[PDB]
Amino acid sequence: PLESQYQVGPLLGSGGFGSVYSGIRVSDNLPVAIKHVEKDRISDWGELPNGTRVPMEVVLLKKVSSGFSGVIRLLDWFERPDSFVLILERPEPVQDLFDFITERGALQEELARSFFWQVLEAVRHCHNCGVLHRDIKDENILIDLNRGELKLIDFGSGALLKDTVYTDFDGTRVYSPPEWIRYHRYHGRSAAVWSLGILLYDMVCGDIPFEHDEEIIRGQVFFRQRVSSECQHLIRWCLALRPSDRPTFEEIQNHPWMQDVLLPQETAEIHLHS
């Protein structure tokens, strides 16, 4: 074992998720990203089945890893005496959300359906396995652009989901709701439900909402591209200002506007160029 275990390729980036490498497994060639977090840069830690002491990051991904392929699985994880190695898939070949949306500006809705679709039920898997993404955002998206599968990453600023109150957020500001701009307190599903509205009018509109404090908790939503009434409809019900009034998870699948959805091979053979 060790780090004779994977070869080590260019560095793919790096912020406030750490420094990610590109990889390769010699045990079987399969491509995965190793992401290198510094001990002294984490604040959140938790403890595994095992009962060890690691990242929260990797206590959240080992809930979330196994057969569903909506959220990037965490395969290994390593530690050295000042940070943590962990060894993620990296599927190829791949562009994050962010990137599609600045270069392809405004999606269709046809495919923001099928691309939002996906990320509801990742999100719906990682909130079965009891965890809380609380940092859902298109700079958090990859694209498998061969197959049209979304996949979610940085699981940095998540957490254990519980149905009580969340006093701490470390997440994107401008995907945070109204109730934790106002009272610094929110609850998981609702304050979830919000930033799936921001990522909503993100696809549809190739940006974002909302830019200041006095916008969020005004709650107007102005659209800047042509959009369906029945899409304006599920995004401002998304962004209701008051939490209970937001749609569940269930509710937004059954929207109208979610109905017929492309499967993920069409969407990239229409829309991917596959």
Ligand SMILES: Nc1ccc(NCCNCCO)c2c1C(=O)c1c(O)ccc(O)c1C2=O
Given for the second form:
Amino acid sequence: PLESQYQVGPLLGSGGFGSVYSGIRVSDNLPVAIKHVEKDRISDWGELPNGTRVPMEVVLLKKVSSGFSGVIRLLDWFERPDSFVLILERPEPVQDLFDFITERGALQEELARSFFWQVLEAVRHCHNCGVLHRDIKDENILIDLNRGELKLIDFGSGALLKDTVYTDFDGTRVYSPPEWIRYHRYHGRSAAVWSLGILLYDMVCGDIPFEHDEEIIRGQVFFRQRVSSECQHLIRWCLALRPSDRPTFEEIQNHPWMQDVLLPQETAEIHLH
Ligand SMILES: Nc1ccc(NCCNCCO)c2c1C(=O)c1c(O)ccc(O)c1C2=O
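For the form deposited with the ligand bound instead of the form solved without the ligand, what are the coordinates?
Let us now look at the entire complex, which starts with that chain.
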């Protein structure tokens, strides 16, 4: 029933996470994304309520796909003999944040503020649902160009959120916190906050701040672009070397740089139309 119910289109991307294609649901023409993951490259499995053996990515997406949020929702999935196939929402028109920043350079603060806010809301939603993403970064964020709405996408390195230490990590190194680099240990929330400080820097400078391990551990941030004294302050706070000196989500969202955010729609009117 998979190749009857969806019409496949062009490849949208491929890499660590598999191959993803543009698609349409025949039933009604909903734009969808069709993501293929090979069984052999799943290191990490879980089980659903009714109790079958699936990729953790499917468990996590089901836990966050309830109601509306800034997470791309899992509409359906399928098992094949050597792969799983996931059917996801697909906004239209869309551009991932990596390509957006690649095309336009450093974002104006007003736009970064709007985008960063929506990321924080999506991450809180995930954490609320008991899910840790663990690979928050520009290429895992989609922008709906018409509504100005951001959507988080690739849960393949994620895990159930817990309050004890994690000793495995599979996201992107250059977004990984110094405690991971040095001790191979981190807690979920505070590692997520570090990745958010890398993301924010990336947004307002048009590039990531750290490339090598020794830079991460040293944790000294330099601005190549004219940035406010406040935005800088928030970024250096998220990027505190000690996990316990990092802000909580609440404290990020109450920081002075985060006041007077634009709503998504006005964001797209001003910056994306
Ligand atoms: N890797 C990608 C690379 C590009 C991409 N959109 C391409 C649209 N043209 C702008 C270039 O970023 C997507 C993806 C996805 O992984 C992607 C996804 O994983 C789920 C739903 C989606 O809409 C998408 C998705 O729209």
